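Read off the chains here:
Number of protein chains: 4
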Amino acid sequence: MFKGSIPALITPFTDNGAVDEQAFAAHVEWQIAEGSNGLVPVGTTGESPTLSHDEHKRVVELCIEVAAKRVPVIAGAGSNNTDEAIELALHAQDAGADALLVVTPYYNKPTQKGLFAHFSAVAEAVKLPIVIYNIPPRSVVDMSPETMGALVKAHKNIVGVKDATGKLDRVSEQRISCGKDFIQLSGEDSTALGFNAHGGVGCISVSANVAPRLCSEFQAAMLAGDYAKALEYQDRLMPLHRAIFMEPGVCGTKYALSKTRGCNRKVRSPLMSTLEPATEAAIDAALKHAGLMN
Amino acid sequence: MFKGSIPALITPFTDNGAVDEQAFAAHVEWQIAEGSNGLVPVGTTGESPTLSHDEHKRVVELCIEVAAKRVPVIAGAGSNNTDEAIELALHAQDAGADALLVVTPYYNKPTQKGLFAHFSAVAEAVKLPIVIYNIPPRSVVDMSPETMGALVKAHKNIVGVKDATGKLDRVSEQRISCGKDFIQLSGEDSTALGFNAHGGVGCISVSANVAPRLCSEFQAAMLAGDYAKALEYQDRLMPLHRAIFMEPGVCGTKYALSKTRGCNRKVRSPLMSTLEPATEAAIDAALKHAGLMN
Amino acid sequence: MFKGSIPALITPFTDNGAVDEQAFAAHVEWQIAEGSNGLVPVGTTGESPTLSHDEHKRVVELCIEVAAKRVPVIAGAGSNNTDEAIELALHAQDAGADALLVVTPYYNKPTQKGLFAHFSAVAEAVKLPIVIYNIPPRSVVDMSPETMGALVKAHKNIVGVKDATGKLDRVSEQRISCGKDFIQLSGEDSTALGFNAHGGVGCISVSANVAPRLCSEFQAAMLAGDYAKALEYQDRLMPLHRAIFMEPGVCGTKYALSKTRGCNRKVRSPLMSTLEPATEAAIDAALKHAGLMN
Amino acid sequence: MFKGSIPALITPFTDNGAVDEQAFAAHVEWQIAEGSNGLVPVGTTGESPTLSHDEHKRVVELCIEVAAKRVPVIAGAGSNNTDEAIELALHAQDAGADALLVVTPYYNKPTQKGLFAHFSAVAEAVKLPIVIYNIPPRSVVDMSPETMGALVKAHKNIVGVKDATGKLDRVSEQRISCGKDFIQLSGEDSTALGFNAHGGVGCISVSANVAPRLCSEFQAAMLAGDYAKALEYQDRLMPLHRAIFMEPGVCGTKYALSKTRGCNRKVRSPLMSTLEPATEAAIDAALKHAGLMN
Ligand SMILES: N[C@@H](CCCC[NH3+])C(=O)O
Ligand SMILES: N[C@@H](CCCC[NH3+])C(=O)O
Ligand SMILES: N[C@@H](CCCC[NH3+])C(=O)O
Ligand SMILES: N[C@@H](CCCC[NH3+])C(=O)O
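Chains as they are written, first to last, in the deposited numbering: chain A, 1 to 294; chain B, 1 to 294; chain A', 1 to 294; chain B', 1 to 294. A prime marks a further copy of an entry chain.
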């Protein structure tokens, strides 16, 4: 599949900061019931940076168990250390994941050849399909369409991109360098609309955590070529997309879910369990606009 | 009225550097015959910065004359000096322009309140509709959706935006702040596709100078809601969009037209009448890919 | 000379926006009396963008007349249009200027070869020494040390740079490409200290408009190699440097001068004659800290 | 205590990728013998991202052992996860470190309040002095002078900053918000000169790995107030500063040391053990210019 609305799942915690397994399972079940087309456990939105390797692996395991092969599980296996990425990738494969989401190394700022070496090493270590997570706003480095194309040519299991550049011309450039069959998924909720118009086939989504049905219907409209209907969904959802990201998306999302479903707001430091009053007011207004709150 | 494929017309020069009125008229005639839905004389692509006031005014006059009310003429009237913008706007109005394209002040970096004051002064001085030209990559400053919305509320003749931010979420934000009836036109050829998906109704276009029929058909497909067909045009045109802008777009465009139509490559310093061999090779390949050269 | 504290002079206006010749003359006389080492009429801070060519030329003329050859007059002759730069440069030369300040073309975004052609054309048109004004925060383009070095090699009258990159390693790179004898002047008040440590010999200064004596003494300390004393001046002046630029520097400066010397706050649109309360409070506090107000 | 030339030590590896304890010890001995005034084990340059926790802790231990209290050891204890930072900080304290270098969280992009919470939690967990490592080019987020000042007020053991903003006005702003006694150390080799002119008292240095004596003498000149001599060292060292960073600094440094001292170029993926020919040529030329190679 690798298409449609694919939530980058939050990782719920109890007040003491421990992983809340029952809350996570309930979230996954609800996501599937509401029409989410795939699942990304332990991406950015799943607070990958503040989980231990054991916790990361466990959340991936739990997601696979709960999904029960109903929709593809694209497991977060990203690291700025190639050894760690391989370790996480191998666990996810053994646990029964359907694909891997692998971020460009952050902080250490490798060259394009370093990016090639990193992704090549992961691709050679596993048999699973790999989705490249290109996110310059977080990793600073930016995998060029040329480097991406080289990886596609070299490795049959490098199958797609979660493109969080926010530059929609990159979709067009990636079509040229990687082919029309290369799976392009939006890494940004607010531009998922234009992204699919350029050739994208879905979105790995933060907002889908809050509004899985509306997000799935939005993606279904674009698959059907009904962009007029898709724009109606954008009118309905854009205030939420924006409000969730006024402060870190993880925190915006957990606040939104605390209002709609009574989810816990707890996150791990340096993320904060609190938000500014204006952010909360904007999220409240966006939820009302979307019809998720009265 | 203001929609579809709207070329930001080049201003052809003769070898002494003077405006070539014959070549300009022929270009306008050909643009209309090939399906262009409107005309922007003396925008960025028309080398507004290197024309005198007299020359600027004359090119606007000539465009109006040649158009003969067949398509709307949205006259370039931008300046970083409010006095000059008013002077150019008043001339264009007297000459018979249908609208004005007014850029955000460049170099002097005004505040949001300065932007408001600038556009308010222009709007109060004329009766014509005004399209705000928001281009942070050139002007550095960026008119916020809030400032844009305030201008829309304050002035009935502020009717649209040529949005060259390259941030397609801005279209969605401008829909919220300015309304669904606010006329949004892409200021970037390469993302015109996603731009319309977000609610845009056309593109003020550099590439239309070279491929007016293909660009018009591309825009027509999106107006009809046929985004699958629009993507086919993007496949055909993207190499050209990219190649024209490897070096300044004015120079890329004039090279392309020198190959297809024998147009003079002459531009005014600090723009160059020459390009790098790799740029010319890429433009050549793009023209062949688009079916404009054999 | 071309060294020490060189104010980029404000252009005072009367309430109706006309150039106030008597106020300008008084400002220049006071600057010289307080120890300013040179003068830049009609730079950015002189509101070059909103003066007509006639007004630009007149202010340059007046500055030359008032200075009476006591300190060098480095006349603003910048334009994004090579023809206009030459026109302004030739007038300044005829009027008796000692040098020219020539900005990198803004808005139209030329290539490095375009920058070379622009500065070469100006250099060949005049006999006067030229100071390149490299300001990427306004012009977007950035003259590389390689391009700068090429201009120095090609033209004996390209003698220096007003470097507003804010990247002090550029001073070191420019020493390599242009030589140790190349005159480097800071284009940023807040980093004039580190700039001279790297090999700079002065600053073309906004803050010198407000505190010419303190700025001259600051520069004199660095010339003497007394960087400990220079740091004491930085402690005294930094709050003013910062406060003046919270909003556009022209407006911050004119407010500061309205408080200390009763100068008119009038500027030309899109600059504003007003500031936010917090900006005015910060400038007030900075003036008190510097000892310019009680 | 914390001043002068402080190398951010490389971590040498053997060909199997393991930490080379013999080579690391020899490097530390040589650094101290050549005049380095302090040591930072397992910073960015020490490849902190690609070490395991056990390896990170071991390299810190070894550095402390070899130093034998001759110069202060400022142990790398940075993480984007507050729990990990605390774990690493507590180990370093128990091992006998003199201070901690703690980076702003990377990738997860916390708010200013998140930064405050992160550094507060680390400061409360240990008794050791903490140097904040502010590096927007890697972490994206940027600790403001206001947030830094708040941390200084709240915690007596937050004593300094490794400032890698490359904005030298920040030193002046940090003097205001944090006080004149706040220990400011340059996080950039190429602007260490201007940094100290603004009030810095040293540099945590990549280049010191290659040229420890020249870097120590450079810093000694600035401490003595001899900025003319310091500039002479900048003339000698600038080509090396630049060449080391054409590609990742770790790799530039290890190449330089392979030429001068026979050090292994081995790094951990996604860093590469190879460089472009032009980079190696530039490093070669820089070493010859500095008198480190014939
Ligand atoms: N905090 C580290 C380790 C996380 C390990 C589990 N995902 C990082 O962001 O890379
Ligand atoms: N070169 C000036 C004047 C151009 C006047 C005609 N458009 C500018 O770019 O603002
Ligand atoms: N406003 C135009 C013309 C100014 C002419 C006098 N300096 C510009 O900024 O280029
Ligand atoms: N690769 C992870 C863990 C490194 C742990 C040792 N410093 C990171 O960069 O945060």
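Check before you lean on any hint, since a few could be wrong.
Since the list gives no way to pick one copy over another, a pair counts as held whenever it fits inside one copy or between any two copies.
Dumping the calculated DSS-like pairs for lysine-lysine here, alpha-carbon to alpha-carbon at most 25 Å [said to hold, decoys possible]:
no., residue 1, residue 2
1, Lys113, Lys288
2, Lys180, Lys259
3, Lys69, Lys229
4, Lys167, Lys266
5, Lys3, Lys266
6, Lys57, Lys288
7, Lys109, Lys266
8, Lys288, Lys109
9, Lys229, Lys156
10, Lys229, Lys167
11, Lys113, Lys266
12, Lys69, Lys113
13, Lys127, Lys288
14, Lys266, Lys156
15, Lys3, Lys229
16, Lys109, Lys167
17, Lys156, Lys113
18, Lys180, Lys57
19, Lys3, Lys113
20, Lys153, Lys266
21, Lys113, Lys259
22, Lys180, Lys288
Keep in mind the hints are simulated off the structure, nothing from the lab.
Okay, the hints, checked on the actual structure:
When the C-alpha separation of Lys113 and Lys288 is checked against a cutoff of 25 Å, the pair qualifies neither within a copy, at 48 Å, nor between copies, at 28 Å. In this assembly of identical chains, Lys180 and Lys259 lie within 25 Å of each other by CA distance neither inside one copy nor across copies; the values are 41 Å within and 29 Å between. When the C-alpha separation of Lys69 and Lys229 is checked against a cutoff of 25 Å, the pair qualifies neither within a copy, at 30 Å, nor between copies, at 35 Å. Taking the closest pair of Cα atoms, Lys167 and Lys266 never come within 25 Å of each other, the shortest separation being 32 Å inside a single copy and 32 Å across copies.
For a Cα distance limit of 25 Å, the shortest separation of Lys3 from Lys266 qualifies neither inside one copy, at 30 Å, nor across copies, at 40 Å. When the C-alpha separation of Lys57 and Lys288 is checked against a cutoff of 25 Å, the pair qualifies neither within a copy, at 36 Å, nor between copies, at 50 Å. Taking the closest pair of Cα atoms, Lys109 and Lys266 come within 25 Å of each other only across two copies (17 Å); inside a single copy the shortest separation is 31 Å, beyond that limit. In this assembly of identical chains, the alpha carbons of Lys288 and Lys109 never lie at most 25 Å apart, being 42 Å within a copy and 28 Å across copies at closest.
With identical chains, the CA atoms of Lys229 and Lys156 are never at most 25 Å apart, being 36 Å at best within one copy and 29 Å at best between copies. Taking CA atoms no more than 25 Å apart as the test, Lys229 paired with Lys167 passes in both settings, with 23 Å inside one copy and 21 Å between copies. Taking the shortest Cα distances, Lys113 and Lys266 sit within 25 Å of each other only across copies (16 Å), while inside one copy they are farther apart (39 Å). Proximity of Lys69 and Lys113 under a CA criterion of 25 Å is satisfied in neither setting, with 36 Å inside one chain copy and 41 Å between copies.
In the homo-oligomer, the alpha carbons of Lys127 and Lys288 never lie at most 25 Å apart, since the shortest distance is 45 Å inside one protomer and 40 Å across protomers. In this assembly of identical chains, the alpha carbons of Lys266 and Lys156 never lie at most 25 Å apart, being 40 Å within a copy and 29 Å across copies at closest. For the homomeric pair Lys3 and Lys229, the shortest alpha-carbon distances inside one copy (18 Å) and between copies (21 Å) are both at most 25 Å. With identical chains, the CA atoms of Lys109 and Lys167 are at most 25 Å apart both within one copy (20 Å) and between copies (20 Å).
Proximity of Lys156 to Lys113 under the C-alpha cut-off of 25 Å is restricted to the intra-copy arrangement: shortest distance 19 Å within a copy versus 43 Å between copies. In this assembly of identical chains, the alpha carbons of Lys180 and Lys57 never lie at most 25 Å apart, being 33 Å within a copy and 46 Å across copies at closest. With identical chains, the CA atoms of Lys3 and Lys113 are never at most 25 Å apart, being 29 Å at best within one copy and 37 Å at best between copies. Within a single copy, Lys153 and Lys266 get their C-alpha atoms no closer than 43 Å, and across copies no closer than 28 Å, so neither meets the 25 Å cut-off.
When the C-alpha separation of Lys113 and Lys259 is checked against a cutoff of 25 Å, the pair qualifies only between copies, where the shortest distance is 23 Å, while the shortest distance within a copy is 46 Å. Taking CA atoms no more than 25 Å apart as the test, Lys180 paired with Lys288 passes between copies only; the shortest distance there is 20 Å, against 39 Å inside one copy.
Violated hints for the displayed structure, listed by number in ascending order: 1, 2, 3, 4, 5, 6, 8, 9, 12, 13, 14, 18, 19 and 20.
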